[PDB]
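Student: Read off the chains here:
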Amino acid sequence: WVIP
Amino acid sequence: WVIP
Amino acid sequence: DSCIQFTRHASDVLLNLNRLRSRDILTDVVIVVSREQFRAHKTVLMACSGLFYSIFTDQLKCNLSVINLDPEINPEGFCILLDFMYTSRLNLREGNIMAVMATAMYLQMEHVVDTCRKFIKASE
Amino acid sequence: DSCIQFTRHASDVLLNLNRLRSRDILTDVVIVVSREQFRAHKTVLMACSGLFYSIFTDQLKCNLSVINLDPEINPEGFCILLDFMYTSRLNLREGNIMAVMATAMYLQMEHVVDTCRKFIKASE
Ligand SMILES: N#Cc1c(Cl)ncnc1Nc1ccc2c(c1)CC(=O)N2
Ligand SMILES: N#Cc1c(Cl)ncnc1Nc1ccc2c(c1)CC(=O)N2
Ligand SMILES: [Cl-]
Ligand SMILES: [Cl-]
Ligand SMILES: [Cl-]
Ligand SMILES: [Cl-]
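Residue numbers (the deposited numbering), protein chains in the order written: chain D, 1 to 4; chain D', 1 to 4; chain A, 6 to 129; chain A', 6 to 129. A prime marks a further copy of an entry chain.
Honestly, I wouldn't trust all of these hints.
[To be verified] Derived DMTMM-like pairs: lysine to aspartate or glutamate, alpha-carbon spacing no greater than 20 Å straight-line:
1. A:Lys-66 <-> A':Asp-63
2. A':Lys-66 <-> A:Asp-6
3. A':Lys-66 <-> A':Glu-81
4. A':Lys-66 <-> A:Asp-29
5. A:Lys-66 <-> A':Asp-33
To be clear, the hints were calculated from the coordinates, so they are not data collected in a lab.
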């Protein structure tokens, strides 16, 4: 999971 | 395009 | 093999599947979550959820145009997960995390359940 | 928005759509290319090809279960492009490049046409  |  | 790969292909396919969903193009099922209805593509649902994969591989349920979810399922939680299926983006907030996690457990979406557990553990 | 994103989601969806195709699950069209037939999902075809996007948004053609391609289309070229649609991987070889490029032009798959043009220009 990432900060897009 | 890339070499996978 | 000796194939070449187009890096953005999978993301572009998903963007187009979401565009078709938004325009109600070739949607083949309506998911009913208490008073709310959500139109979708069976193949996208199966590709994202262990529960839908099970439902639509069933010889009788594969032909249904309407699927009714358990009354305990929160429509907003379902909406957030349906958006995630079609975009890879999860709108996870303090106010919806419990509903999102419960819906992801029911839908059998392991990666979502995992990030919800991690976000909850960080707040305790 | 304040969304989080699952990096592998789009790739995982496409992998599952390819698995459904391989098992002939919820495929809703057969593409006929001279003596050869290819089963697929209309939504995946539309998401990858300008030609299929046009065909399946047509009020009459959207309901067809069989689509016959132009007799000049090479079945192997179509097979290579169909695999690319479902995997992001293009099996481009000296022996098939002309057929692949011609099929990609017909199917309106701009990124494929682009790499074929570049590979051809490098060999002249
Ligand atoms: N459509 C399809 C499909 C196929 Cl073909 N093969 C394998 N899994 C498929 N889908 C599916 C099954 C289980 C789970 C998910 C997706 C996400 C998750 O957390 N569990
Ligand atoms: N399905 C869908 C779709 C939608 Cl909804 N919006 C926009 N394009 C869509 N698909 C589509 C149209 C044109 C081309 C491609 C795909 C690849 C390419 O080279 N040209
Ligand atoms: Cl029904
Ligand atoms: Cl997931
Ligand atoms: Cl027909
Ligand atoms: Cl393309």
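Student: Starting from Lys-66 of chain A', check that the Cα of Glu-81 of chain A' is at most 20 Å away, please.
Tutor: Violated, at about 25 Å.
Student: Would the hint linking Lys-66 of chain A' and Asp-6 of chain A be met if the CA-CA limit is 20 Å?
Tutor: 36 Å, violated
Student: Are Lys-66 of chain A and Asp-33 of chain A' close enough, with their CA atoms no more than 20 Å apart?
Tutor: OK: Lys-66 of chain A and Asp-33 of chain A' at ~16 Å, within 20 Å.
Student: Does the structure keep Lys-66 of chain A and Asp-63 of chain A' at a Cα separation of 20 Å or less?
Tutor: 28 Å, violated
Student: Is the hinted pair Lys-66 of chain A' and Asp-29 of chain A satisfied, with a Cα-Cα distance of at most 20 Å?
Tutor: 16 Å, holds
Of the numbered hints stated above, those contradicted by the structure are hints 1, 2, 3, listed in ascending order.
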